[PDB]
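Below are the chains, spelled out letter by letter.
Number of protein chains: 4
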Amino acid sequence: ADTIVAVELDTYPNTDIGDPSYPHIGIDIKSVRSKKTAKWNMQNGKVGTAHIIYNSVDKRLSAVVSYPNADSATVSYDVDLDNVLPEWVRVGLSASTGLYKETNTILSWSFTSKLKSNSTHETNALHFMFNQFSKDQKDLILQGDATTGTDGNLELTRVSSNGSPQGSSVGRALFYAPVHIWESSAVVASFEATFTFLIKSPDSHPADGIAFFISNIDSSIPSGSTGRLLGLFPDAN
Amino acid sequence: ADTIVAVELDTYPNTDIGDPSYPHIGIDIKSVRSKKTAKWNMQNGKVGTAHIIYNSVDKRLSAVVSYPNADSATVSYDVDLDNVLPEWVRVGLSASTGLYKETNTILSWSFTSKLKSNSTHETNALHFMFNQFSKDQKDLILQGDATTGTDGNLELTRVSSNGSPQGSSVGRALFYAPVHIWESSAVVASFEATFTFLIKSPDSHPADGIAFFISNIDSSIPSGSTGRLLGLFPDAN
Amino acid sequence: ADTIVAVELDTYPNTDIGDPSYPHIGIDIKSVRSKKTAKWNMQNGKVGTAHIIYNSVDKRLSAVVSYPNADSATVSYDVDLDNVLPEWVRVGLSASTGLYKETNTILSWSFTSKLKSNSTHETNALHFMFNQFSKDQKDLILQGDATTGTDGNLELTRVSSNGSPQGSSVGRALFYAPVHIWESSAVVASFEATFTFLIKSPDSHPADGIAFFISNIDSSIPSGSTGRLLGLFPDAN
Amino acid sequence: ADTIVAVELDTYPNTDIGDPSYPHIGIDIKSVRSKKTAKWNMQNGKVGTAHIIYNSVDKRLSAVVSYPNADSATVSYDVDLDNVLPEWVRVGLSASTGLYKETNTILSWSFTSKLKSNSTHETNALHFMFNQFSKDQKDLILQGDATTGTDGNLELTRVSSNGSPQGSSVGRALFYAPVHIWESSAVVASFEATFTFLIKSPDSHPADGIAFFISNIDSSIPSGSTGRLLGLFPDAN
Ligand SMILES: O=C(NCCOCCO[C@H]1O[C@H](CO)[C@@H](O)[C@H](O)[C@@H]1O)c1ccc2ccc3ccc(C(=O)NCCOCCO[C@H]4O[C@H](CO)[C@@H](O)[C@H](O)[C@@H]4O)nc3c2n1
Ligand SMILES: O=C(NCCOCCO[C@H]1O[C@H](CO)[C@@H](O)[C@H](O)[C@@H]1O)c1ccc2ccc3ccc(C(=O)NCCOCCO[C@H]4O[C@H](CO)[C@@H](O)[C@H](O)[C@@H]4O)nc3c2n1
Ligand SMILES: [Ca+2]
Ligand SMILES: [Ca+2]
Ligand SMILES: [Ca+2]
Ligand SMILES: [Ca+2]
Ligand SMILES: [Mn+2]
Ligand SMILES: [Mn+2]
Ligand SMILES: [Mn+2]
Ligand SMILES: [Mn+2]
Numbered sequence: 138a139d140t141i142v143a144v145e146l147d148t149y150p151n152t153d154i155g156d157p158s159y160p161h162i163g164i165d166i167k168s169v170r171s172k173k174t175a176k177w178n179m180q181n182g183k184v185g186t187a188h189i190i191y192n193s194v195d196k197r198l199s200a201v202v203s204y205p206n207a208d209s210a211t212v213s214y215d216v217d218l219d220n221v222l223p224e225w226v227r228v229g230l231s232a233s234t235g236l237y238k239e240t241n242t243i244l245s246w247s248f249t250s251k252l253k254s255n256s257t258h259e260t261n262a263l264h265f266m267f268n269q270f271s272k273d274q275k276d277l278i279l280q281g282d283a284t285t286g287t288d289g290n291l292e293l294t295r296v297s298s299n300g301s302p303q304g305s306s307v308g309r310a311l312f313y314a315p316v317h318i319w320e321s322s323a324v325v326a327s328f329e330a331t332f333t334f335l336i337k338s339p340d341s342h343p344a345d346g347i348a349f350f351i352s353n354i355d356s357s358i359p360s361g362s363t364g365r366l367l368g369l370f371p372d373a374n
Numbered sequence: 138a139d140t141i142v143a144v145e146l147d148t149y150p151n152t153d154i155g156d157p158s159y160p161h162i163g164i165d166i167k168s169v170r171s172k173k174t175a176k177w178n179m180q181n182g183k184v185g186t187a188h189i190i191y192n193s194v195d196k197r198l199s200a201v202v203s204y205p206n207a208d209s210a211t212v213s214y215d216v217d218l219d220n221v222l223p224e225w226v227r228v229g230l231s232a233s234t235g236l237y238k239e240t241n242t243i244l245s246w247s248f249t250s251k252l253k254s255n256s257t258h259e260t261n262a263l264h265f266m267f268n269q270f271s272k273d274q275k276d277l278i279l280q281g282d283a284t285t286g287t288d289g290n291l292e293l294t295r296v297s298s299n300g301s302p303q304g305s306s307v308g309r310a311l312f313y314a315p316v317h318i319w320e321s322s323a324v325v326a327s328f329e330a331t332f333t334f335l336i337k338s339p340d341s342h343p344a345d346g347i348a349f350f351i352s353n354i355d356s357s358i359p360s361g362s363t364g365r366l367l368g369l370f371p372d373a374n
Numbered sequence: 138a139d140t141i142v143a144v145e146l147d148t149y150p151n152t153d154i155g156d157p158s159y160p161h162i163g164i165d166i167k168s169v170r171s172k173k174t175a176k177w178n179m180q181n182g183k184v185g186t187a188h189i190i191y192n193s194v195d196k197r198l199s200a201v202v203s204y205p206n207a208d209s210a211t212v213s214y215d216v217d218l219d220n221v222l223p224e225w226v227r228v229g230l231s232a233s234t235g236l237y238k239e240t241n242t243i244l245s246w247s248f249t250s251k252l253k254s255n256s257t258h259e260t261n262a263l264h265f266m267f268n269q270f271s272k273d274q275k276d277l278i279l280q281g282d283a284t285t286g287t288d289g290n291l292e293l294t295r296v297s298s299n300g301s302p303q304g305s306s307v308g309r310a311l312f313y314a315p316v317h318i319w320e321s322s323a324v325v326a327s328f329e330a331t332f333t334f335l336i337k338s339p340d341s342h343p344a345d346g347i348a349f350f351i352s353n354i355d356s357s358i359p360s361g362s363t364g365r366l367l368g369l370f371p372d373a374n
Numbered sequence: 138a139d140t141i142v143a144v145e146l147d148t149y150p151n152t153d154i155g156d157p158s159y160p161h162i163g164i165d166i167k168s169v170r171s172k173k174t175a176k177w178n179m180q181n182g183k184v185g186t187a188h189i190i191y192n193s194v195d196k197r198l199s200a201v202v203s204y205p206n207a208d209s210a211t212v213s214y215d216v217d218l219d220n221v222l223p224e225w226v227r228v229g230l231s232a233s234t235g236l237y238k239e240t241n242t243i244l245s246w247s248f249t250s251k252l253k254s255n256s257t258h259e260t261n262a263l264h265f266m267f268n269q270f271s272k273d274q275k276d277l278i279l280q281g282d283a284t285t286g287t288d289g290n291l292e293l294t295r296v297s298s299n300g301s302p303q304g305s306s307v308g309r310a311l312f313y314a315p316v317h318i319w320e321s322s323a324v325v326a327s328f329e330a331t332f333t334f335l336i337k338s339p340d341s342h343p344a345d346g347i348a349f350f351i352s353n354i355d356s357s358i359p360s361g362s363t364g365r366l367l368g369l370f371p372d373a374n
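Protein chains in written order, with this note's numbering: chain A, 138 to 374; chain B, 138 to 374; chain C, 138 to 374; chain D, 138 to 374.
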């Protein structure tokens, strides 16, 4: 179908598809089946920050989610992304809900990808940063339930006007421009993505999470991906 | 029609529309009629570098074209670009020929725009750099005669396979993503664009030039803009 | 008589040396008397942001001070800094109180310097940023009363443990490294600086101010410079 | 016994201290004997590029050396540098010859250091770049035989006016400022370095090599370090 690499933040365990029985962060390579996961003491109603980072050299893909004044969960998995991904991709943030529900507000999102070549400073590069989202973001492709303008914030999931979240929503947000993520002849290729989010839920149990993801250029939301699939994968299979 | 701000490099004087009688650089605000110009000792067959820079603070738009081991022509004109331009634009390089002809090879092109807001480091930003152009550039919108892949270079104007240029060509190249160039509430807005080019002509007199330009999102090439209009303006009027 | 260039922020108008009546920002090029100024609707106890930007192309030095939800005071002055300044400088911040007094608290400070040249981005550069000041900052030079570590802030003037400002206080903080501020052979020579500050006085009347300055590598506080001279100038010439 | 971490590039294998037979690159963590290495198909007289990249999340230090149109030699090592290194270091380059000798010419060198934290990009950072070395570089610390200004290059080992390398030579160059390399409270602590170099010997056999190193602020050349120790380590322990 469409190739998907993503870093997932399960607020909701899904022991039927494999997810551990605790709020976790994890690395998904073409399958909601995480190839590596780590325990995340999630904080309800607090603004937190995720850093994603990968370099050709280590071939190690990494992520750190962390709150102020709080321990930070980290995950790392050796993968070679030119085998996996197409030469041109498009990056973005995705998030969704199920029975249980949560606010998936993205307060800020940045990202940087460099292609340093065999001759140095013959590099190629793209960096893009949002610390507030305007009422109309010409350069974000918004998919599903995604809405901007609410308090200068990106809401990937749907929320009622009073501020309570709603269930069984998928919204997904993408950068307008395609990213040349890797090349046949580059000595180092790298890419970092940082984004801060606010997850607050009225219910004691929230669901399902946020994921930063990378896919081929022409990606649209999978049918019936609402819930534990996070708007990234069509099937747990 | 479509609003156009651009820095022009006339290799060919056009004294019928106003252009001075020497190879010049100049500032065009919605009219091929340059509002300020400066003398440029152009160098045939040598790689040269243009720097464009503008900040909300000075409200002064500036450009410098310069060769290695050679004097550098500079131009500057006070303009306030939120009055002129739409809130969202799209940037790019344009170039064309007439009776006389030239190669308009773009060896590299970068650009950066920042929106620092009334609260600091609540900024918004986009930077993008090409030091080589691949056979297929997914993220460049190519218009008219524009072609990439030839020796890792962007050729805005048409060129025969042996390497000689051809006449009465317009090619124009644009960044896929729209640039949020200014905002109603930002204490400093700024944007810098740098690009290196190679102009070589078999004929003693070459024509017409290269221009970096900014326009509304939906800009396409004007009809009959080939020649002294540089693929930017429909009429000298 | 070390050479010194600066962007000053006067909370105290010293009418005999030329300070306008109203609290102003100004450009001080080699003398305390400001070459140009602009009215500044200062806000007591609110954090503000200073932006400062100059480049070899415009040859305009300029600056904007700005509080949230309030107009921003701006100023510009056409000056060629390679005439005025040595080839190699140190950059830094200064502030001072006299009979009247204020809290000169620096919350954050960053600075960029590029020497782009004729070739394909064969430039020389330096950038540094502080959103928190550590308890021992060994890459700042601390001069006078200046202190770090309290709340992660830089305090250029002396304050009590309760927080009360003191009178007749003078403090400077310089980046440890020397900056290559201009070159004989570089086609453009941009440099940008940004910083935030907190100014609060119990008093009806606060004094004197903060200034971003640039001077020689060997620069030290001029004697008897507390008060009107902001730790910058020996005399009021 | 100053503390020191480094990425070494051996043209001369010193088999008794563990250098493999073949010319190698390696990670030297607190001792000259390399913790891990990889074969390097060195090219005489051709400029090459070294890339070096480490981050607190992976906790992997790694590096790639690369010539145009040739495979690139790579190496990695899992090490937690805040255990090994002091909180505040200086970075720099070192190289040396012994009985056998080579030209250790540094054409260009850049370095980035970020201390991203838990908050919304409230980080601390430093970046610097050199594509040309000036005649007097007063923000490099020059140690040993190291010299600037010849062709705009850095020469870490001594060379004649004709260009002939010399034997038993040792040279280091450090950035003037101290780097905050890690923090107790920072959630990630990335740092990246890049540099190009020219290595040429008249001989069949060249020696010894160049190394990027990190050490304490007060670090100076260890005595008797020419030859195998590359200006880095007092002893071969
Ligand atoms: O008004 C006072 N007693 C009378 C004489 O003090 C001069 C001010 O009175 C002014 O009005 C009087 C009435 O017409 C005149 O008789 C004076 O000749 C003067 O013009 C007086 C009473 C208490 C004081 C306590 C601590 C102090 C520390 C330093 C200075 C000083 O060196 N101060 C020197 C003089 O005071 C102002 C200088 O300003 C200084 O302090 C300012 C504080 O903002 C700075 O802006 C400025 O750069 C200077 O450093 N002063 C005091 C001080 N002065
Ligand atoms: O081979 C020579 N004459 C014989 C004795 O020289 C030792 C090498 O001969 C080797 O083989 C011989 C035959 O089996 C043995 O009898 C020796 O005991 C030794 O193992 C000889 C002839 C001329 C010389 C001229 C200038 C010099 C400067 C310094 C040194 C030195 O300190 N040199 C010390 C010894 O030479 C190698 C050290 O390598 C040094 O130089 C290398 C150059 O790459 C570095 O890699 C390395 O780290 C060292 O600094 N040597 C010379 C030197 N040596
Ligand atoms: Ca889940
Ligand atoms: Ca023309
Ligand atoms: Ca004053
Ligand atoms: Ca060796
Ligand atoms: Mn899952
Ligand atoms: Mn014209
Ligand atoms: Mn003043
Ligand atoms: Mn070795």
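Take the hints with a grain of salt, since some may be wrong.
For identical chains, the list gives no copy identity; a pair is met inside one copy or between any two copies.
[Claimed, not checked] Derived PhoX-like pairs: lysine-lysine, alpha-carbon spacing no greater than 20 Å straight-line:
| # | residue 1 | residue 2 |
| --- | --- | --- |
| 1 | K251 | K272 |
| 2 | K172 | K251 |
| 3 | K196 | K173 |
| 4 | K183 | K337 |
The hints are simulated quantities; they were obtained by calculation from the structure and are not laboratory data.
Structure-based check of each hint:
1. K251 x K272: between (30 Å within a copy, 18 Å between copies)
2. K172 x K251: Neither: 25 Å inside a chain and 29 Å across chains, both beyond 20 Å.
3. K196 x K173: both (15 Å within a copy, 17 Å between copies)
4. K183 x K337: Within one copy only: 7 Å inside a chain, 30 Å across chains, cut-off 20 Å.
In this structure, the one hint that does not hold is number 2.
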